[PDB]
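Single chain ahead, written as structure tokens, the form solved without the named molecule.
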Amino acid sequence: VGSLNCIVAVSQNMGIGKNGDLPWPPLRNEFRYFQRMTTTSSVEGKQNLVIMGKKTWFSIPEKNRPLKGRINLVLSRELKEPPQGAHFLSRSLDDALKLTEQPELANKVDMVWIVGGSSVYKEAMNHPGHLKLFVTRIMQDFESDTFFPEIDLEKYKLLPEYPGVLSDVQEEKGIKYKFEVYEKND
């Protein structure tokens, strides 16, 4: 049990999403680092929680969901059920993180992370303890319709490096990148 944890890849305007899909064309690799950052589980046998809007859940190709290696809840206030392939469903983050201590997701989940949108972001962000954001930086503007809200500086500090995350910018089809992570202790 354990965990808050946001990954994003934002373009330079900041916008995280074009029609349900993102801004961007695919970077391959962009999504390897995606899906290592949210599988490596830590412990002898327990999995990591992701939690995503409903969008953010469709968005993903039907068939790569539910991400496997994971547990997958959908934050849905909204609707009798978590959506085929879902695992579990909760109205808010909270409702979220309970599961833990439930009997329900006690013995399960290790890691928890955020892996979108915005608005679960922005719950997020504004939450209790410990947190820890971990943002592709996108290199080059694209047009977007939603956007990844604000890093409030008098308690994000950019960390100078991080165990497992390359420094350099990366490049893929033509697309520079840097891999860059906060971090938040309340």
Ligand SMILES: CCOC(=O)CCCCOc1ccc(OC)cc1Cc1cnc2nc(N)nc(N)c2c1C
Given for the second form:
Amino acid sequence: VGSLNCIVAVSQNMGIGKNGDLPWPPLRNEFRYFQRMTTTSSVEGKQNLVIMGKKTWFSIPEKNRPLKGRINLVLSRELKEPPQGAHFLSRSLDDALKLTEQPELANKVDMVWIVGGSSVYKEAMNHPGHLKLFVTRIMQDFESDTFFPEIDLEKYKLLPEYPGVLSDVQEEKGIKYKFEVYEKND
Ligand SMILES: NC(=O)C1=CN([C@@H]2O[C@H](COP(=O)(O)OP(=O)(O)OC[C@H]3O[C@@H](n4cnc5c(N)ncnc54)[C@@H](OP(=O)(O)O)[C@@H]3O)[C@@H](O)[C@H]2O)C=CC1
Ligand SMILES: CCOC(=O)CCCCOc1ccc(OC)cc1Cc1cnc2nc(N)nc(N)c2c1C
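The block above covers the form solved without the named molecule; next, return the form solved in complex with the named molecule.
Next comes the full complex, this chain leading.
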């Protein structure tokens, strides 16, 4: 199995969600960036795995689930089987990561991408080890009811460039945003 990574888009006031949806209007190139980054595997014969909480799964429109070309794993302690369209179900983040190591999957998974939401991000970010955060900074405040955990900049180094990631300011629907990549190793 290769790297562990989180990916997220976040407003200036650290918001990621409101009422089961994004706080901002759809940003279609932002979403194409998310798709490209999480689908692209730097290893032949393998695909990437995406891990998400239950609410995130149901927050993605039906037409776009499962996220295609990736193994989709949902986290829940209530569900008895993966949701309609998903591939795997685990009861903790530790369980999900062990599973990638099992022979069912050890040979098939390249990168792992945590794609939401708050609890899953927090636990990954505070777990010792090598971890990258792909963060899109939406450069406006948006009313939100769900927030991204604090990034400790003592541990997470902002990378000065990263292959495949544009460094300049993007804009769609009059909303400016920029891409960042952070890395810790502890
Ligand atoms: N802007 C962005 O980049 C993104 C934003 N979002 C936003 O996130 C919002 C919802 O996310 P959030 O409220 O944080 O939900 P979570 O990310 O915490 O998802 C958890 C859901 O699955 C189960 N679950 C929760 N935590 C775990 C866990 N640690 N292990 C296994 N299963 C778990 C359920 O909890 P239980 O254990 O009780 O079963 C819960 O319904 C959405 O409205 C969406 O808009 C989502 C993705 C990306
Ligand atoms: C193809 C036809 O066009 C369509 O129909 C497009 C539907 C798009 C809806 O996608 C939603 C919606 C609500 C939602 O959560 C509340 C999540 C997602 C998926 C998404 C989108 N952008 C992201 N950005 C970052 N940076 N990081 C992420 N993790 C990320 C994720 C996970």
